[PDB]
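Okay, so here's just one chain, in structure tokens, the form solved without the named molecule.
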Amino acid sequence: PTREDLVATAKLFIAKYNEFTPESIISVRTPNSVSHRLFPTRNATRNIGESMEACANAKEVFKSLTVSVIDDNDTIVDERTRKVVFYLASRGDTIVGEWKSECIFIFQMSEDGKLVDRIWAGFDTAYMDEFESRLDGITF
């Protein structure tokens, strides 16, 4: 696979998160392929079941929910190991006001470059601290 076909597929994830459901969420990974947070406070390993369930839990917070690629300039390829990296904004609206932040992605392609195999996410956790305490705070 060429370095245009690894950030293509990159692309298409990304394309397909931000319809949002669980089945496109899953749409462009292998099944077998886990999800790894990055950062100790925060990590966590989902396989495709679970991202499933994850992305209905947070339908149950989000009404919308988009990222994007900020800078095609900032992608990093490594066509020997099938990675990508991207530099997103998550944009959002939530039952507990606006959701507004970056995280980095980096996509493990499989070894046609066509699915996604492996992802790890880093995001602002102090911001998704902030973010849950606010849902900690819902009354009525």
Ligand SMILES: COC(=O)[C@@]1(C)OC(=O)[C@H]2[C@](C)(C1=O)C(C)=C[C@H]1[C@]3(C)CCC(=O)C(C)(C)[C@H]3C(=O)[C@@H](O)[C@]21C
Contents of the next structure:
There are 2 protein chains.
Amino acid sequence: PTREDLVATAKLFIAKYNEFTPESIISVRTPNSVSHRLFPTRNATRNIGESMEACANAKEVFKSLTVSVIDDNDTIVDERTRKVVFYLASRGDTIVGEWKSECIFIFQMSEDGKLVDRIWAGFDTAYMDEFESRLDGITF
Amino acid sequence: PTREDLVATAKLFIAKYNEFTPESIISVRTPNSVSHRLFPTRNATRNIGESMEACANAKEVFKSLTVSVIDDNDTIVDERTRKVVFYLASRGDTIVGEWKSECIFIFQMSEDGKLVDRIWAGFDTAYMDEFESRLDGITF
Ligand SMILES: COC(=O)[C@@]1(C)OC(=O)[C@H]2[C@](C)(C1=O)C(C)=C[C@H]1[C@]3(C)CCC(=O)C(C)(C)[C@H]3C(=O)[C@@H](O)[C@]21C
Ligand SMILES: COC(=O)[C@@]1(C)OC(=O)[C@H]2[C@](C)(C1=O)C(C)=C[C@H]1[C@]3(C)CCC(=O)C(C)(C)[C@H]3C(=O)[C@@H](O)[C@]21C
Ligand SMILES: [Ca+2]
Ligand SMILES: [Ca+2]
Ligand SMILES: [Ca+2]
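Could the form deposited with the named molecule bound be shown next, to go alongside the form solved without the named molecule?
Now the complete complex, all chains and molecules, led by this one.
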């Protein structure tokens, strides 16, 4: 799997991620793939089944989601470990207004390089708390 | 620079980092290097002078601080862009209590591979906020 192969699969994962349905967000993952969150405070680990369910729940708050690579020149590819790293802007339309943040995504690809076998996600965990405070303030 | 060369320079940066003096935290950096903090809530860019001043400021609060690569299997190396990614455990003692967190460090090396030429650091921003809250509450 070439450097170009690995980037393509990760960029496909991002595309289906932005479609943001439970089926689309697993469409580029292997059956035993797991998603990890970085950092202790929002730590979490999701298999395919758990990821689908987190998506359906997140859809009750996020009306629309776009993550995009900020700069293709900052992308990191490790051909030996089949890993790709993106630094991403995150943009959301939610029931309490605008979501705007950045995150880092690390993908390890399957041996053939066509699917995502493992994900690590580093989010701005202070911003998450701030967003949850916005959610907690919904007032009829 | 080989894969092994890039990792060695990054491990050396960590060794000197753990000495935690202004002289040591610059001793594996090119003089025009800049250190970026990731994530909007804590975004910052520091040249060498600013890094030395920040280390001296940190030493006013931190009695001790050590970082360590948790597992060499997590490490990511891009020979073409000369980049190394570490996932680290950070541990220290401070005037407002214990420090315990994890962070992701990204290094881009110089052309010869022997020095760090740019750094990106992703911290657990909610944990930093909580730590700053302890600092912002000093009262005698
Ligand atoms: C990285 O992929 C994931 O973490 C997946 C597998 O699990 C998730 O929970 C994802 C999830 C379900 C995952 O795929 C997806 C699709 C999106 C994650 C979002 C909503 C993406 C935008 C974000 O920055 C935040 C931090 C708001 C994310 C989450 O809250 C994640 O928690 C969420 C819902
Ligand atoms: C790569 O090294 C760095 O990131 C340097 C150059 O810049 C920094 O910002 C570093 C800094 C100046 C950098 O060298 C150093 C020495 C330490 C960073 C600490 C104090 C390390 C422990 C941490 O987890 C926290 C989040 C408390 C760090 C910071 O606050 C960093 O912000 C700090 C002060
Ligand atoms: Ca000071
Ligand atoms: Ca002291
Ligand atoms: Ca403050």
